[PDB]
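Listed next as structure tokens is one chain, alone, in the form deposited without this ligand.
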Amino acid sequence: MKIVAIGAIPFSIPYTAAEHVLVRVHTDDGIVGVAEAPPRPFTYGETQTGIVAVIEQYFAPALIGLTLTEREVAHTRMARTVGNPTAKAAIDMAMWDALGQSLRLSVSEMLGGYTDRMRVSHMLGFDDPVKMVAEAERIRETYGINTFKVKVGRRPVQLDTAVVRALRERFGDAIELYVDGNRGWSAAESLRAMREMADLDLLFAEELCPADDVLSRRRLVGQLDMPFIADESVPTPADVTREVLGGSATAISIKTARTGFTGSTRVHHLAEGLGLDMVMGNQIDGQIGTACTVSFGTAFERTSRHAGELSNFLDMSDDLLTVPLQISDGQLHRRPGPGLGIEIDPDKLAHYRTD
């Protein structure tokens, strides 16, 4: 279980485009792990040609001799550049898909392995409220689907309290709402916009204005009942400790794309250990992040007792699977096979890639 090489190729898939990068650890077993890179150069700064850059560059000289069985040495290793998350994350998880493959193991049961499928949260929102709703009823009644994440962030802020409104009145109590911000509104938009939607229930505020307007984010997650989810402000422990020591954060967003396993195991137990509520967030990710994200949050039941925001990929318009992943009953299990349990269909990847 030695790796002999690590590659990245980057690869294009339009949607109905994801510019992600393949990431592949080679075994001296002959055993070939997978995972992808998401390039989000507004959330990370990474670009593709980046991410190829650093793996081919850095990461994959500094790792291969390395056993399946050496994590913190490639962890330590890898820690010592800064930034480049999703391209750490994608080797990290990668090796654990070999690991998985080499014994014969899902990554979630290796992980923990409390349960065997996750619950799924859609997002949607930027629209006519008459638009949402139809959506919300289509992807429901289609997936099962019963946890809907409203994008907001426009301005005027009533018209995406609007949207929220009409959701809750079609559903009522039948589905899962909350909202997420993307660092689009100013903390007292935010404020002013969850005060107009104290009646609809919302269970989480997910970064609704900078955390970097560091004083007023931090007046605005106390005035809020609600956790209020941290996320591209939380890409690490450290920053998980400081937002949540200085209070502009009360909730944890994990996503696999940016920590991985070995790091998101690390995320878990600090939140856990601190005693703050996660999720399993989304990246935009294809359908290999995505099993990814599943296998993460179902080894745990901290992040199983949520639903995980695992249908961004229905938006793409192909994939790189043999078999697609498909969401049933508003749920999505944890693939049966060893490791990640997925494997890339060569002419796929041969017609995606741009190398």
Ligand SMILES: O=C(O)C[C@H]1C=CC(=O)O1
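Residue numbers count along the first chain shown, from 1. Superpose the two forms; the largest set of C-alphas matching within 1.5 Å is the rigid core. What changes on going to the form solved in complex with this ligand:
- Only one of 181, 125, 235, 227 has its Cα shifted by 2 Å or more between these two forms after fitting on the core, and that residue is 125.
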Second form
There are 2 protein chains.
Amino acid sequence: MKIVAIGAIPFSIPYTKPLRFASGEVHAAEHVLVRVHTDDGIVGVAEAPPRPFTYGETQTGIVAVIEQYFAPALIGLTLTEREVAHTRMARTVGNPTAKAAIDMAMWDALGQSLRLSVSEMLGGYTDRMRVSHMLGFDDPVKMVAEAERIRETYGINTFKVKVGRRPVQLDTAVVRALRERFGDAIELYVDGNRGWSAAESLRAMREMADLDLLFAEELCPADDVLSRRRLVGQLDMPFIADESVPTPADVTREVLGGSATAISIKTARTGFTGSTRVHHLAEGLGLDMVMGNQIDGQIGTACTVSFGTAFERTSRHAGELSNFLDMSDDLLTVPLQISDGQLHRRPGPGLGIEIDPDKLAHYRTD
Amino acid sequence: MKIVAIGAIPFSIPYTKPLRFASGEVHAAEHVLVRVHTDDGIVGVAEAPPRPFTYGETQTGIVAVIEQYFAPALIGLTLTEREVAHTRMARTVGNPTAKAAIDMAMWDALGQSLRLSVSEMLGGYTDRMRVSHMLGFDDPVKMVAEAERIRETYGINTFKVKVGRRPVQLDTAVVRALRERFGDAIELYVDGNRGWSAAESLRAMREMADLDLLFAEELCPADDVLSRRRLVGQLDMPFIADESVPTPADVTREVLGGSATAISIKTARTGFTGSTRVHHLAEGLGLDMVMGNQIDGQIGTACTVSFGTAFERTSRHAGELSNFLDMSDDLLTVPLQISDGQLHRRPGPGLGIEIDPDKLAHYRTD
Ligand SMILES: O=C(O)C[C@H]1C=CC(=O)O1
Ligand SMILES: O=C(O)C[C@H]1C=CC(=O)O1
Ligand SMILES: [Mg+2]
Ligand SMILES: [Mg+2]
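Having seen the form deposited without this ligand, can you show the form solved in complex with this ligand?
What follows is the whole complex; the chain from before opens it.
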């Protein structure tokens, strides 16, 4: 189980319809397929989604850091030296998805080598997660229609509404429309992606005080430090930190500082080894945690469910596992299937997925 | 890899010489051998040391809780459902070593099943740890002689001196004698086992301010809450919490409250699954951590080194891995070997140990 090579292949798949939010937009999945090759002939895989508006990474930069720094530093390590890999990669600051992809690809290879799923190796608490769908910006009536279509089609009963627009009433009207349309049959929460000021955020939440929102996520910039802390202290529900807590150290600083009261865990940025560190820190401190979506393709979604199903604290909440549906196509030989509002972790070893050679050849851009 | 049975066998092995400290004494290793049997014929093992003066557990109580509560709740789970086992056992409060033994025995069985050492499955950062020896109470000249004998014989260069006696000068004279005898060639720190008041502790440490002590461990009772917090804030070096932080929740309360500035990790009380939670919490918060000794036999010591070698934060410090040497005998087919002041993690699968049938038959007390 020795790593003999690590590759990073850029690919691009168009979205049937773009996902729009406060901090940016995604019109195509211009990701990087990361592969870890072992001396047993096993190939572990994962993807790295460049999100310049979130971590500052670019598709070109991800391939570069992996080919120029991480690959040469990790070749030669066995799949059971994760902490050595973790420590070596840590010598380089940032580059979250690049690091995470390598770690998850390593876990995929390990699982295949041992004939064990990543989920069970991580803890195997359960075998499925409830699904939450992120609704991107669009005309009010159009967002409601999207939710209705999605719930009827896939059985999804949890929706995270993207907000952060002006006037604030535009978004609060959307949320109210959703609650009037579905009643208490669905769970609802919001993510502003740093779009509103803390003052606008409070007014928006006060206006939606009767809509039973489960969480408020990054309503205003965490970097508007003092007003952010004041806002978090004014809200009843937990305030989920996402882009502001990419590392365990950030979780500690933001939570102890009062700028976060709940933690988003995204395998795209902390992989499995790092995500375990975040989960244990959040559980130890006593904070709610939710599996988030990095606008993942099916490869990243398979990773999210693999980790989310391994622990009780992550599976007690619905996981954001459905945005891959807006992609026009994907790289798996067998597409992920959501039914009854749930997604099961794959039964196969490792991530339980396989890359379709023809799909890769068609969408790669190198 | 399904658990078909879990047994708890009490055994007793006399000590060549008793280990004495502030909170109690150990004249024999009256432990409990815990075994997890799988449907593959594999048997994982570990030990549970009853420490009434530390956790309140008794040899009889450990066997009882395992046979009456844990065994029936875990039979039927696979070795890759650790989080289910963790959650089920958590329904019962306390009983730390009983829970830890079951978890470590499960990891031992898993490793054997996969032909992987526990150390590598946990992270595989390194393959050995430096050794630290705990010096129990005794006449000053006798404690110094013990340190000299131990250093020359095993190459051990780190010593944790047991203190907490009155007058305080009795212990400070011991530490000073050790520093004068070995100079800067050895590392020294102290553990008072809640023996001194906070006021006595400060005076003792001030008297030893020139002896370069690396840590101060449980000098006074953590339950003397306010004076304990005042003391911790008065000391330069990290203050290791041990018996006061048996769980991650305690780590959070004591650290945020200011009654602890460093954390002791003992596999005897948090096993591997639980110890990982403590390590990640301590790393996330930014606190030093040291692998402690629960006055472990060789079985427990094999567990300590297995976990300690898996991470960088635990292996950067010497681990307390030598007190088993005072036992008159032990249960392993192949005794642990300390040389050049180090202990390597065993090369074999799981814990890399095997119980000698004749030793078990001779020392069991059921
Ligand atoms: O923020 C989210 O939860 C969803 C998405 C928006 C940007 C991004 O990278 O993640
Ligand atoms: O306190 C220590 O570090 C050593 C030992 C003393 C009692 C016990 O259970 O552990
Ligand atoms: Mg978000
Ligand atoms: Mg101690």
